[PDB]
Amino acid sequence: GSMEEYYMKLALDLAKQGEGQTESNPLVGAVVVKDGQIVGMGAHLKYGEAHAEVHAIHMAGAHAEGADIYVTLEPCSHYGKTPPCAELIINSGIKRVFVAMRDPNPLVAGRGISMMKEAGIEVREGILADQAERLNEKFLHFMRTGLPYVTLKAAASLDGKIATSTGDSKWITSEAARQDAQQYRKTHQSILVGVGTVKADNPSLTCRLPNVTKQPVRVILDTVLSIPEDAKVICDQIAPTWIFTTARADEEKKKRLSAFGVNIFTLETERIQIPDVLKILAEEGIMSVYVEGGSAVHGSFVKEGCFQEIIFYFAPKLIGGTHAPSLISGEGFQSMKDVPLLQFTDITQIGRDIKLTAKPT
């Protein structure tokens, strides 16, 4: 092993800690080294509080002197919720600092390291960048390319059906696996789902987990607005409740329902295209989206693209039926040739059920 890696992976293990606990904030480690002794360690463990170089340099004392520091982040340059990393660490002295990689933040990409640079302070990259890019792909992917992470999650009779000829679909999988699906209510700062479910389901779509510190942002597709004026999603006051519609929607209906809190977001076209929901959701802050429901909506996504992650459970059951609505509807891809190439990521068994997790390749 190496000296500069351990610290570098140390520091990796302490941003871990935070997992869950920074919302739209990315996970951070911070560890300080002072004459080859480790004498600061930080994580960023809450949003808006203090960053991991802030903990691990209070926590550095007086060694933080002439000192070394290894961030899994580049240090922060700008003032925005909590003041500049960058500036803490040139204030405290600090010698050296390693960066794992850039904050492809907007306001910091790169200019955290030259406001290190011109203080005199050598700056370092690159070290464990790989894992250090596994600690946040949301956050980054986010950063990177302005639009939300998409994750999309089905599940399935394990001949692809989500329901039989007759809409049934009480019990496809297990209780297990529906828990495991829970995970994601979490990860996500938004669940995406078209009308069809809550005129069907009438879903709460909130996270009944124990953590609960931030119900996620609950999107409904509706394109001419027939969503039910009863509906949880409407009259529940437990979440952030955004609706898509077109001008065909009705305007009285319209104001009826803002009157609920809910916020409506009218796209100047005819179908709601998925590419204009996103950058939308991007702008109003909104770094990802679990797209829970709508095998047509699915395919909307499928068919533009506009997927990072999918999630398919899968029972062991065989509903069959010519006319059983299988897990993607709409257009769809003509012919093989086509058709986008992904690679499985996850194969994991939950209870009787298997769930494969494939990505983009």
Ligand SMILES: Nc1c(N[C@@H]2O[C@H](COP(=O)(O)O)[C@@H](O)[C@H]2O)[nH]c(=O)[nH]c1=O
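Between two forms, the rigid core is the largest collection of C-alphas that superpose within 1.5 Å. Numbering follows the first chain given and starts at 1. What changes on going to the form deposited without the ligand:
- Only one entry in 106, 285, 275, 146 has its C-alpha moved by 2 angstroms or more between the two forms when the rigid core is superposed, and that entry is 106.
- Residue displacement note: residue 81 has its CA displaced by at least 2 Å between the two forms (rigid core superposed).
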Given for the second form:
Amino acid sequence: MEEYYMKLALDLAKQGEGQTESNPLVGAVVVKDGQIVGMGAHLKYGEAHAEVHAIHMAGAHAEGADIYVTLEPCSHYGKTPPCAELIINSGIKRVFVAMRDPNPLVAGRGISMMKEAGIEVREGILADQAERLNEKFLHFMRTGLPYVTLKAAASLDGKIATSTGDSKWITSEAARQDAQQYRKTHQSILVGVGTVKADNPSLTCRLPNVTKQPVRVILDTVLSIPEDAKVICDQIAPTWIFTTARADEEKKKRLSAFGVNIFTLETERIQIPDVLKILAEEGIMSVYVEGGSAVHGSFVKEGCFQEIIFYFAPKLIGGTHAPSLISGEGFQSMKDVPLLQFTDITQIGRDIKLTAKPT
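Taking the form solved in complex with the ligand as the starting point, write out the structure of the form deposited without the ligand.
Coming up is the bare chain, nothing alongside it.
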């Protein structure tokens, strides 16, 4: 029964998937005398939290009742009493948090606030699942870095283009559509100029209710990206480019007026850990790296990736000097190559979709 009520809280929480933007999905269940009297979930960014809806729905049955919450109740004494306090004043006797605040700084303030009020607080009930709920979000608060997803579509022999650099549709139609989805679940999309220049890619999640365009990030060491690129122009979604001192001053103040946020790095070459640091500062909590063989390589030798997604089409491109899946410096020795782990294998159309994760 304990875990039951918590499972429900989870299921409610999930209903708000893709509706909170940069807020954590959350659910809550108010049980009273062995009867569910209140249920709730964070449904829309900036609107009522999950503990609120539930409490309200439970009304007078809140007092002397329990309340299962997926994540630790809000505890800032901001512009309104916090959900941690709102739980207090409602007369709830026992609270069942699943997992604590992601922010090392706040973690516990909620549990404390309540516990010192006489509320019995139990933690960890199904916290194993109350973890999967918001991977990307929890990663960000725990590591201050965005959640990186590396994606690519390649031939069966790991070539993302032919000798000519021609990528005239390696993967099928169904593949694109699928891959598109990720452009909606990530705060940003990232590519290296080597792609940009040779594709003028839009990089705009063209899915259902977009209600928020992802930041388009380009990596350019000497800032050579042409001004006739849909990312430079078409002011659809934001466009940030990272570069070194090597960029032209005028071109920089130019495109900077066009809305393009140019970030300059004081290093010889652009260092991935540095751009993921910047981004986490500009509030981005996730990046969808899908650009260039070289960019995918720097991301690998660095270890800056949480997820790997490759689309493999029934076709052999071949060619020794044809761009391969991952480039970069690589790993000279096999004993130094880290061990990933296949997460999921699913066939999209005639193509195959392999997905893996670290350790």
